[PDB]
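Encoded as structure tokens, the following chain is the form solved without the named molecule, with no partner shown.
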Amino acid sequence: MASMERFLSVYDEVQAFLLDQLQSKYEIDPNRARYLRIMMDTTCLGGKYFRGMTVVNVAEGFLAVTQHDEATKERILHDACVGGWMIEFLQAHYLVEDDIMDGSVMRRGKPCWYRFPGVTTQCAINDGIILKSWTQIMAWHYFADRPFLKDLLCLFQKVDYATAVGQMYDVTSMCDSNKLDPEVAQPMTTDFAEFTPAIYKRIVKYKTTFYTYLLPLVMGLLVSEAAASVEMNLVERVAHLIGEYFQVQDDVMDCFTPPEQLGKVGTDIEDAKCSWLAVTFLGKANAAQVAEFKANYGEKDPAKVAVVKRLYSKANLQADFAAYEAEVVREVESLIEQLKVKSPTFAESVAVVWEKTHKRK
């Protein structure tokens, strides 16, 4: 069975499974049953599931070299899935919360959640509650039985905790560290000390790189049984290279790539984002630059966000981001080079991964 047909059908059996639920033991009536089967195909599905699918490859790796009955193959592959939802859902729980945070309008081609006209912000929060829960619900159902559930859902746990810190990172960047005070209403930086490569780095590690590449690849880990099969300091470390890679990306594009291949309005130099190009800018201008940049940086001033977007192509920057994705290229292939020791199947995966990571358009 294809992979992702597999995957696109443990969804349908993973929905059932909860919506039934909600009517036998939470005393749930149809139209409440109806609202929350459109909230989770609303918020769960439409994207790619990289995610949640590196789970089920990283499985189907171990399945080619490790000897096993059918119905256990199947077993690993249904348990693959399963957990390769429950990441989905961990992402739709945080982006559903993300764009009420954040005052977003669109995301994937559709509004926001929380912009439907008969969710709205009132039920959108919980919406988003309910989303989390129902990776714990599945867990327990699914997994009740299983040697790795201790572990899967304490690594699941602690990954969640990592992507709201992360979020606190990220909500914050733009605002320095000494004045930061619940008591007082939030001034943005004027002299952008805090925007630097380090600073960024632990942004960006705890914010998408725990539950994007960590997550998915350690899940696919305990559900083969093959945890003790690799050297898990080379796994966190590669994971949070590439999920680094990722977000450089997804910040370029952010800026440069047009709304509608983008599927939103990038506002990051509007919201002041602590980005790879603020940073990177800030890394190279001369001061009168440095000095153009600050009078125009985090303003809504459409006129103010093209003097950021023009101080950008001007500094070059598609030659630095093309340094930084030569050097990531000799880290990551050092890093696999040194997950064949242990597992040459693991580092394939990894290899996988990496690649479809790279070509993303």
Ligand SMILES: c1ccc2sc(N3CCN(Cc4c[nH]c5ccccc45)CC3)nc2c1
The other form holds:
Protein chains: 2
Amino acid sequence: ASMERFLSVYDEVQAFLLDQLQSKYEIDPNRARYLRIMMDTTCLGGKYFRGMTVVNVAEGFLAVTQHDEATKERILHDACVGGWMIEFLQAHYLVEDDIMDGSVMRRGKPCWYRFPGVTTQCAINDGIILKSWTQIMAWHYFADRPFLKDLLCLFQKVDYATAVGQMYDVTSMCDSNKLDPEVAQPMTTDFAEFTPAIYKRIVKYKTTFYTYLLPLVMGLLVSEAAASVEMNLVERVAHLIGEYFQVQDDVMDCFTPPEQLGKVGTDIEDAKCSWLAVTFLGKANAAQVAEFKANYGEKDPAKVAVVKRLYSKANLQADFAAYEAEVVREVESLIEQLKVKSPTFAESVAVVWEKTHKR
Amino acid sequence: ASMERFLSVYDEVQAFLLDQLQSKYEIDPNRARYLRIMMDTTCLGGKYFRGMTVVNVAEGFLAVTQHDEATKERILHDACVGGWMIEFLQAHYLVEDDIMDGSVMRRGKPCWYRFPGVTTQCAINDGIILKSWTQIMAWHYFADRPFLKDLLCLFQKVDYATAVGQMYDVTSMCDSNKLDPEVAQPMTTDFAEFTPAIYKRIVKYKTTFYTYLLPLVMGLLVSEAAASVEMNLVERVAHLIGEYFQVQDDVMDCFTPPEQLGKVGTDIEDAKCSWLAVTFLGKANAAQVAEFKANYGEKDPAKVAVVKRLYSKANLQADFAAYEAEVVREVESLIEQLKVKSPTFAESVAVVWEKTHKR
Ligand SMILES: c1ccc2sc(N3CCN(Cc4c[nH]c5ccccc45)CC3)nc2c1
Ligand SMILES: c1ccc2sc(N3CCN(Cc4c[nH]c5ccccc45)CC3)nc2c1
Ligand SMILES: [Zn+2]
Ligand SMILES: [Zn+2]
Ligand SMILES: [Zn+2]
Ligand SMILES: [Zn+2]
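Hand over the structure of the form solved in complex with the named molecule; the form solved without the named molecule is what we had up.
All chains and molecules follow, beginning with the one already shown.
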């Protein structure tokens, strides 16, 4: 099975990275063990959706393209390595974002920095190593590949867009005209920047490039199939499915039980520009807006309870149903446009959409 | 002058990065201003030794190689951009290492994370952006250069070695057999790992690759002059000068006044494996070792004063003078070996050594 091959390549990449630390970096066995545990804890335990998208896109092309068996194996192995580059990039983001946000739990366990023998002093650097490993993988496994240059260039652009997205996210509750490194930042009082367009910018950059665009395009690159699809359609469909994925995440932060979510959601206390806050402000009357302003962005559980009640009473399920219906309609139109140049790729996009919509 | 051209290219690279954030990343003017201030605060104010080494190596080759004037200008501009890639890589390290170590001051001002409108939540990500900018520079300015592939591969290897070096540094006061993410780490009691070989490993990885190896080799790459020098000699001389630079830094942390140093040195309170601690343990009697163990790695200023007195009474100046004499002798031997294939490059190495030795 595809998942089995993907998971087997993790063990191979881990062994390569750790053996290289021993043969070239004078690592000792105890530090190699620490890094092995850090890699497992930070990289494993998710659903591997991003990495598996690379594998699925490559499998689709293998079914319609003439290749020797050894070439099919090479392409699948490259798709698995590429998929792990994305999972390790995600691991870097999660480690650093958990430290930045002072998060407590992730994937049902404590955040990496909270492990007793880790601490923030080590975890920041462990996060740096996770991203460095993505490059060591690429240069080693893809050394002689025709797609190495395009892959590294794409990966770097996606990583930069993601870091810019994190900046948009962490500053989304401040007034833009007050941003100033020299002055402590107050929370917005008018919430004028909680709009659909501003929310869409945050999400586009913080999530969609690395969660949807990069796995889809990497699958095309390892398949030598990019100059067969319309890139503007790939970007449009990735940014559309990516926003829906984040909207689902935002709703879950507020209403999915901590055991199912794997953490206690704190977007309200954190004053995040979430889909729920923007949608609520898009339909609230004057008294509801005033009540939201008096309670949002506060740790006090009674204030968080007022916000959750405002959301529940505003029938945000009706807005989500209308948003969902519109996304279903636009994703299906883009898949149709994708069929003009590639039915196989349009099918992988339909799979990606089905796994997102029904998660 | 060389410095003038180098500093002029900073303004050009800054404008390119910020204009790209506006034209491609939907940045707003307030966030572009925040990033401009972050870039200036974190990248400027040092001596630019690393970036200027790239420029000096390239100038040396220009003086002995036939080129059209436009080609000389292109090579110098590439050496300046490459130099800024290293200065921005250093800026990334300093931002993250100041957060990891809980440092207070850097280059005579507060550490970036301590600025009132920054905070750790933003500063970790600002540090990530600084390194992403090094890649955006390379792909933009060096898009059509023959050396792009070698330069990116070298840069990545140097960055990874540096992150591994940071891990060696932050864990240098723990016993290797006790490292365990699940268990809070006690400080060593035996100091058995405070040896010259272990100290040399820490320094080799945490400082020498990015401070000496990368600027020297990048100068060779932008000059299309690498396949003219013996790479094993370049690595040997970079690792030798780099260790001396760190030994000087270690001595300054302990004995250079806070105003000249630009910070209050805390290597003793931090229990760092410094040249001073290793050298002291290499000559101390049983009572001196016991007194060091009772006082090292503690915040108590009276305990720090006992350690500084132990160092002063141990005549570590005599050990430094012998170390220095040996480095002078070995650096001169390596420069001689470098003259076999390139007098010009051996001269740049002599300049680099003179600037390090007499800083
Ligand atoms: C899509 C978009 C918006 C929404 S709103 C939502 N709801 C389902 C659970 N309801 C009860 C509840 C569970 N936990 C709570 C905590 C506080 C207040 C109330 C509750 C609250 C509303 N479902 C969606 C789906
Ligand atoms: C190279 C290698 C080792 C050393 S040791 C050193 N010294 C110069 C200043 N001396 C006085 C001092 C200044 N500040 C202090 C604080 C506490 C105790 C004492 C002092 C202490 C010893 N110079 C070097 C140079
Ligand atoms: Zn976050
Ligand atoms: Zn969330
Ligand atoms: Zn440090
Ligand atoms: Zn120091």
